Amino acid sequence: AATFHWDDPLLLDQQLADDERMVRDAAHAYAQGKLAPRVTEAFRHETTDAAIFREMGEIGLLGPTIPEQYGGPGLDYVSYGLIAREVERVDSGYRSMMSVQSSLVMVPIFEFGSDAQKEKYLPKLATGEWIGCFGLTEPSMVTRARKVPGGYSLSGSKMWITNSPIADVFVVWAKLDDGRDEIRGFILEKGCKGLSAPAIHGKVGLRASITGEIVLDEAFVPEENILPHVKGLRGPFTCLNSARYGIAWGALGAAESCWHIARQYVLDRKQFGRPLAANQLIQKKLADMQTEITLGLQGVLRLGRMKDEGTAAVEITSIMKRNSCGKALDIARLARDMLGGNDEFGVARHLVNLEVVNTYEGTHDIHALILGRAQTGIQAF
């Protein structure tokens, strides 16, 4: 008769290749060892210790799928997932910091940049010497690029850019007018005249990470700084799609923490002679947590394997990001409502983080509509 691992019912551990398991082990060791002791004060006062980029770099956690050639650790998509799951187990803020370097900065430069851009930027982003941000979202994009001698002059604002006040490297999307008017990507650097990055304070969720603007006022960008190999929606969206995948895995790490913190709490606490764990209702909730996490992980894992094999279409990412974020939130709320205080209150932190996460990279509802269109051939917006 087989052992039952309640904490891994389907033995995900045995579904992994050994280098994958050991990437997971390293990320785990790092987050629990270096981020967990930081998290309570950092979230409380809204502090980001940028040395974190430098830290994840040293052990090869920045841009996991980027080839060794360009300074990356040359890992697969399953490994990218496991890393994100381990970092978010501690805090979603720290997962975002990492999501931005990997998917929103390193990925566009690798996929759409020339050989010189890749050689100049990727090695230093891989180590965390250089910190990246990604400028898409604005306060139908308005930000413009006008051809000038030597390159391009950019004007417009981006808003809600994580990493931007501390960023070395900016991947900015703007419309460039041929007679056709299309979306292009540009690489900018800290120090470029016309480039501002004011910080943003007061966030309710993701408070462990720092966010800001990118303000452009005729910021000169040379010819060698336009991403040569992409035009239109493809650029920004390939980035978002990569990020959603890590977010799919990450939210599940958050969900596991809440689940474990709830589980221990009811083992520990008592009402009317018995530990809370004796309660029938309590056991249904714990069974719900375990079930949804268990299925979610098979979901993201399978997506990882398909992405690795090139058989994964983009709508699968809607399923998993929507599912992980939605279920993680449900689990955080269940866990929250199981607590009677006003320490094990890390749960309250995970909860407000997940409230934000479920709102970014596409709402729960817009992902539903993506699946609805793919099922019906009818757009509902």
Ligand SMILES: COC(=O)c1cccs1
Second form
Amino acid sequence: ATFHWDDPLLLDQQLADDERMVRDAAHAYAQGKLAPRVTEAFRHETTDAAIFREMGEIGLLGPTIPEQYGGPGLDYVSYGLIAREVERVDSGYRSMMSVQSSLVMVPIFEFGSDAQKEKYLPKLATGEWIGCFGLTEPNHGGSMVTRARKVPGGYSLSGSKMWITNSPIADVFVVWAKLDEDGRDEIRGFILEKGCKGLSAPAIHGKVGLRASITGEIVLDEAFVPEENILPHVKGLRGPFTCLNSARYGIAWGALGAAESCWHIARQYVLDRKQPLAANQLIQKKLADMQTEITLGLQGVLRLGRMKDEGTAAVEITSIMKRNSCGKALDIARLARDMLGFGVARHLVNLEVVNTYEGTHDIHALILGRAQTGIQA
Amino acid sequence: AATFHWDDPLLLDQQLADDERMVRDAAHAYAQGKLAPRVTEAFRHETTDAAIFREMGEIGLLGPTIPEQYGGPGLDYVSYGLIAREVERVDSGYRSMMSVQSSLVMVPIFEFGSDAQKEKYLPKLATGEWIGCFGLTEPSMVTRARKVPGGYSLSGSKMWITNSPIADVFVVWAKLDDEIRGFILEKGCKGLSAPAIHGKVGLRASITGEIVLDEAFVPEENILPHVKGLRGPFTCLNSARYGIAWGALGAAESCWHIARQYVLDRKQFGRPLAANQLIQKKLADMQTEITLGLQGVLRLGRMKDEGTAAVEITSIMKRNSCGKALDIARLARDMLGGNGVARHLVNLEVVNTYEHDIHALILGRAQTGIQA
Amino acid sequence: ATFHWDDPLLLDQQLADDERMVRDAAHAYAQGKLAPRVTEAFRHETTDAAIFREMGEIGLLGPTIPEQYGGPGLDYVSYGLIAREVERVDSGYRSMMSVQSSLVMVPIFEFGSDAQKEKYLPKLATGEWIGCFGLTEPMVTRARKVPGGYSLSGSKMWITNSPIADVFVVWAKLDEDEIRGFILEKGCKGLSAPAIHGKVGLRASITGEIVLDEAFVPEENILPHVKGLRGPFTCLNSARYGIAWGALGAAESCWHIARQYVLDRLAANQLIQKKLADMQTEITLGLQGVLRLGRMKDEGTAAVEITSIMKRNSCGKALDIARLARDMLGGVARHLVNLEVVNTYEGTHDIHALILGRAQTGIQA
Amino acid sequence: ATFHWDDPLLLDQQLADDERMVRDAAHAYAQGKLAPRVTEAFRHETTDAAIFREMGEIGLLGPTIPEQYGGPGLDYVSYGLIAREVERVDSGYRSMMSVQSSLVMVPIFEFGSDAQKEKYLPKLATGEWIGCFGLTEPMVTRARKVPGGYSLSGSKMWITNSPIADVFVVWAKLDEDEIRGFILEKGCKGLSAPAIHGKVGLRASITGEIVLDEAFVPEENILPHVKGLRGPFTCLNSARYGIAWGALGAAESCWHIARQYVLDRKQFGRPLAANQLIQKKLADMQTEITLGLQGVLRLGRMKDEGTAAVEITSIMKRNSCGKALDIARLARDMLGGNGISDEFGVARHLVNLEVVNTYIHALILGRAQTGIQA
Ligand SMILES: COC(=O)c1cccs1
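Given the form deposited without the ligand above, what does the protein look like in the form deposited with the ligand bound?
What follows is the whole complex; the chain from before opens it.
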């Protein structure tokens, strides 16, 4: 038996040929089309919507969505493998894809009416329509202030969502808002379309990380939403969480792609650098640590993927892998950065935003601590 | 929605074959039933109890991978892993005693020995009737064999040998003419002395000593015929390191469990300690590392059973398990206020320091071609 | 232009001639009398009160206490140099000392009466009387006015020196509820001090409890010039200052042991070198901090929050260095279990981070 | 009696009255003139040559250079305090200063002829002439003897100031019976200095190449009093001392920004400052800066009194930069959002410090402890 330094536990052999082909298709697309764009896309914060069509056309948008609705009807491991190949190039591109698949197609497929599913899903699956997802607000992460008023014909929406990836270029908007409906105040999901009166999506520029992805606001001022546009089959925490859980899973796989790019570059760098550097034992220890955390992270997300597919995965498990992948990836980017004398620095600032996106209070540690102790911090 | 198991998030239990689950439960019932009530006083007073070898041999826990042909239970590598984890869950010293019999003594005889050696030594080693030790370390190896009528004559010293003062069987590595060879010696071989060493800081539950050799006659039927060079010792060490990778995770789990129960019990400014945000971070870290470390040694086990595992993978897992376990023992120790965990901690400081950072450098060479 | 690996910033050169001999005095004592004792003392948790006699003999007890009361009349830099030389051998030893100096002789000197100071200090200085400090409980311990005198009742826990102490400085509450200081003496009825055995760290020091079952305390035994929080706190702040110097001595043993180890077989290893450099750096920087704190304490320019910086840093870094040294080996182990206790003695909630966080922000955690 | 959270060991009071004045002048300048420039200068990688004359006119260039040659004749502590007030704004600005001081003025003063020192130093001191330091390559750069002097052929990479420099201190190998230092001037035939743009860190400083193609150097342009390693090393040792102070200015900025952030920000009803972990991090930042400052101070004094070995600058540079980078990362990870607010001045300090920490010392201390090279 021979050693594969780049795949010590032979993940490649733990996958079905099925999943390998999906991985290889995602790799071919990301390396062929995204890598030639990424440097100046990031450097100059370009808007590049053409990516939704490209991924849609080869069946990599909404991977778990059934063929009935235009999806490629794949499993969670394949979704994972796709995220990882996209983020290997850049987290901003993976972000764009996460939104479409997990934050837009999922809640529509899961909670929407037949009419909503057939109207929206097929066009989201091809990338003809671009989605975004409105949950997070100007600042307090349930405690949401965006509000729907029952009016003749449907609903009137007022509030503001902030840091919404895809929002300046989106055709479809999934927005979460409190509806006080006699005499109970619950969170409901609403579909809005581009050009809806009272709906704005201003762009945010001068971002520090995720510069390759166009991000903006969702500003709602008495924006009318017809009855047929409320998500009928969900209320409360279940709506937003189903989406977030799907997205966190993809990010857990994706951040390991980013970690792997940093690791490969660091390794190649020390192989090429005469001073060679590879003979240094502090350098060797760093490479051993990178290889280790990635190899173990990959076994975790693979096992989680398999459990999700078999229906045995509790939601708390996602907190372990997302938190671990993002944290370990950031550690690896910092370690690789500190070893260099372009790509790494990009992944590094991307990962700094990703690690802090869901707050600076370590939400996943708290989900896990509560799961262990019973007690909320 | 599916149920979360905080103590087994990836449902390791469900990834085990039923065979493997039963081996685990058998080791668990033994270690919790026989070793746990002994451990506190044994560690405090460095009391030897070799009764463990006979006890473990009875339930077929020694030489787990050795075929039934030779008295062994004929289990797979995953089962070996599970046993070490259940034993180290109590104490690393008890696990060391077992690592030695299984990986350092029965493995070399089975892998490199003659039919005669295997039929003679393995069955009593498997039942724990004979106790084995592994003579490699020395106080670029000094110990030498020399050819004489009927056999060989050995002279030299081995130091820090676990099991040696109580061993019946000795697997000794000496240079012959210039290659390292393995020799099987018995207690009551003229020329062999095995004095004890006392007052260790860690692994106090096990007994360790020397092997002093002086014209010790080893008959012809007693040289290991099927190995020469670094392959002999390294094969044993590779086997032992695999069991230690699982074992350090059992010790890590105990520390995690103790720390979790501790913060559930103790109170701080009105709330239980478990309510603190910092405490939960630590519990989350302990849970994460244990859960991921387990998936690693399980995959390594599966690969060894299918013959797809290279030797470098063992380095990843042993270094990771021992390093993470040590981090968790320290985290747990630092979470306690006053003056089990302290014992696990000093044990894991010896385990981690034993072989420096040879594994990071093995992994470094495997990535880069260059040896440092 | 000549480099000292063991003293990169030449602390020696920053010390007064007076201070430099006191350090070498505590060093000659610690290495001469304490080093040959420590291994077996720690091993069996043996009691040896001879150390109080010996340190007293040579003026290392209550070192800031004025010559008028039996003290050597030294300053804070000198006090720290002593703690550091003593802890360099063992933390348990330093603990016994810093109880005498900071937790017994300081509160008596600072808050005592003329008669109390004349009676207790001179004998505490020579080590003839051994003191202990009674603050920590399993605060509930109350003073009840009599007759006398006062009638104290309660229990103190983890009291170093107590099973062999002659003098007990006990802090209890009294209403007119304010915390007051009390002096008690061995033989006192209702007072008892049973030992505590089977410790993990600090085995070389003796520790016990203070059980007060309506112990009678004459009015000539209460501390007049102290009430409330600033009592215990003045003592603790004094001890914390000494521990900040001490932890660094223990850190230095571990570094020196570790450096010697890699020389005797390893020193070419770049991982090792990084580790030895980290030890060198943190100790070197730690010393500049405690020295500067000392100079400031002697000039009156030192605020109390500064003791939180240096104590937290010394202890935390010493523990890191002891663990770094241990993981390099194949004395350190004893310093390690000691430092593990020392880092958590004041709790596990990082009291000094919270003190400093508040000083920076004006907001309590 | 009173705690000073921003200066717990009152470093202020450990300074001579002379050193304090110099610090206040560096502060007033950097805050007055550099703070308003930085955000846009860093964003667009803007070139402002004018800063050298500004720094020159207040005697911030070549602080240790004697008054005889236009220097302000200050001590090492003062040089340190200057670098710290400048890097408090931005490492890119400090990088310009330390190149002029330690990498251009120092080799000429230390190793140059008397005619070189009086030709070059007074103009370098006023900022009339801008200098650069040609050591790093993509050593191969070669000086060869020709009638009248030397011909230089070679190529230097990542040379800060090079595209705007009037004076080039170029280290090249010359064969005599070894590394030699040469002085070149702007406009020399066979000398070009193309700029590098698109940098990740240190964007506020201009950096470029030195390309030498048979560049003729007069005989009186070779540095007469240095051969081999000690030349480039002495400059770098000087620069390293300045970097050790500057890095702590940067760290102090990230610390201050993080502290104000948690003051202005609320989370779950309470201000962020009330969070235990936040307080720990702020205690760590305060601790490492305070101790870092005591270290660089003591090093300066030793350098002034002439008792510091080269090894001590290694420990101080490594520590300052390594701790400054930890503090920047600690501050960064405390901030929510993505670039728009003031607090993301921390992101700027961070990419700067990632380059500074990269621009060996642990192996110096290891070998100095042990006598064994690794
Ligand atoms: C893709 O952007 C998001 O909404 C995220 C959700 C969780 C991490 S990032």
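Residue numbers count along the first chain shown, from 1. By rigid core we mean the largest C-alpha set that fits within 1.5 Å across both forms.
After superposition on the rigid core, the Cα atom of residue 363 is displaced by 2 Å or more between these two forms. With the core fitted, the CA of residue 48 sits 2.6 Å away from its counterpart between these two forms. Its Cα shifted by 1.0 Å between these two forms, residue 146 is reported here after superposition on the rigid core.
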